[PDB]
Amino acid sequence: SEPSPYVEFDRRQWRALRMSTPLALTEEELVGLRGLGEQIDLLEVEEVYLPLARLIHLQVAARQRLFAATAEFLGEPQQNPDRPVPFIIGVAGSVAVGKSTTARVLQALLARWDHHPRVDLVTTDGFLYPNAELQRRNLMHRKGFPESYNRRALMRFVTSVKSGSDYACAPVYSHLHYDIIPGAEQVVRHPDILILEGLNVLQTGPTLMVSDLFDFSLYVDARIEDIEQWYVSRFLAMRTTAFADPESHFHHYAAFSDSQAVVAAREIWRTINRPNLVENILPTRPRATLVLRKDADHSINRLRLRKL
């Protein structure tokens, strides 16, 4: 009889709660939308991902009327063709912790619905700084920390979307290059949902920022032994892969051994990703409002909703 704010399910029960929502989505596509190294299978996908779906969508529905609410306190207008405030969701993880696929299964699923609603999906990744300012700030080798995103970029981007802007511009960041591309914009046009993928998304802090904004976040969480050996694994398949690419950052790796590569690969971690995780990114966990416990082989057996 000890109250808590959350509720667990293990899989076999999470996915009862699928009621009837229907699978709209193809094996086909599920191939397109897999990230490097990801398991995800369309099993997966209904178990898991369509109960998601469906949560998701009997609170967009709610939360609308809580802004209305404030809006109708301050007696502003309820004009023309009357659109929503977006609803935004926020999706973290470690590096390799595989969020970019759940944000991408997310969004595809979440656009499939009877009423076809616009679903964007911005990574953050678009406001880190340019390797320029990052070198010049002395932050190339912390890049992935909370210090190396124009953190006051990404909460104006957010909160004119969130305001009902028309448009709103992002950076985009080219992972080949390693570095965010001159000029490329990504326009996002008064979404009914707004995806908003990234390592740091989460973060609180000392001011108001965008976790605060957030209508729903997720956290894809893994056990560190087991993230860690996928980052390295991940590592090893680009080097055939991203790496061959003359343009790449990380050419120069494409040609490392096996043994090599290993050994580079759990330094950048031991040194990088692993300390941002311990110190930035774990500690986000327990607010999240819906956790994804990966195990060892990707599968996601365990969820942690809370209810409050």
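Residue numbers count along the first chain shown, from 1. Definition used throughout: the rigid core is the maximal C-alpha set that superposes within 1.5 Å between two forms. Compared with the form deposited in another entry:
- Relative to the superposed core, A111 undergoes a Cα shift smaller than 2 Å between these two forms.
- In the core-superposed comparison between these two forms, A16 has its Cα shifted by at least 2 Å.
- Residue displacement note: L74 has its CA displaced by at least 2 Å between these two forms (rigid core superposed).
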Second form
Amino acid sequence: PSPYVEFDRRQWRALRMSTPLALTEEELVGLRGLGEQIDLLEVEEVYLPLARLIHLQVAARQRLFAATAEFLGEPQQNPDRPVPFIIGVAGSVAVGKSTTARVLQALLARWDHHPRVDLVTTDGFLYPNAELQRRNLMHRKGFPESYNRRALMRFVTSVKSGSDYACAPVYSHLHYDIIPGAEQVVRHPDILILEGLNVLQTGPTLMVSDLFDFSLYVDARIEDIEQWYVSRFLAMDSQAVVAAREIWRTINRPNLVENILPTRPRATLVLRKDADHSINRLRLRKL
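Hand over the structure of the form deposited in another entry; the form deposited in one PDB entry is what we had up.
If you are looking for partners or other molecules, they are not here, because only the chain is given.
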């Protein structure tokens, strides 16, 4: 007996499901609008059903909120609305976290009971390069000590307080650094997806995942991810290949081995991708 139910892509495809599950134009545009262009078969066969799955939890939580508010008799102290539902997305640099999180962001927004869905990356709570350099941590960028954990906690806490205005700092891929004083403002969305290297990490104290309602870990073979990282580095010369590999071996792989991979059992749902980026195995915690 296992805590998970498993499906390979075959098994998963073989499932006859209710809801017809067809991609809508809004969905496409929604997605293209997030700067993402991923295969449609993947979106159809894997992400639509996943989204429906997740939507059942969100709708269950909204019903519970209202049934609980009814029982309590709709008092003053009780909030008027469910606080945002929070979804964590974890995994290695280059495994597709951001893509996975942007597709769910677009698909989940399609339902009328939860149309406002925000996406925050924890890259934004990285210490700025100067401060990392003040502390001799540039080479450990993305490791747990490279983030301002207190600020991350405060931001997610404020979101789970039902605050109307909660602000995250902004990481620039263009500069590879925090943009000083830029802010992403989150305004009581229905759903918040929080993507990052560290989102399921265990902090002796109180961790940010304590505030999650659902979490995903995006998985793949470590040698496949190394390839994906190299390709991404080449898109941003055998010399570039050499430089990519050095960053992988020195920074990103050890980060994966020591800090990220051990958090995989904590996820609600683990999605494993083969060499071609398509999902070949899903593990869902038993309800």
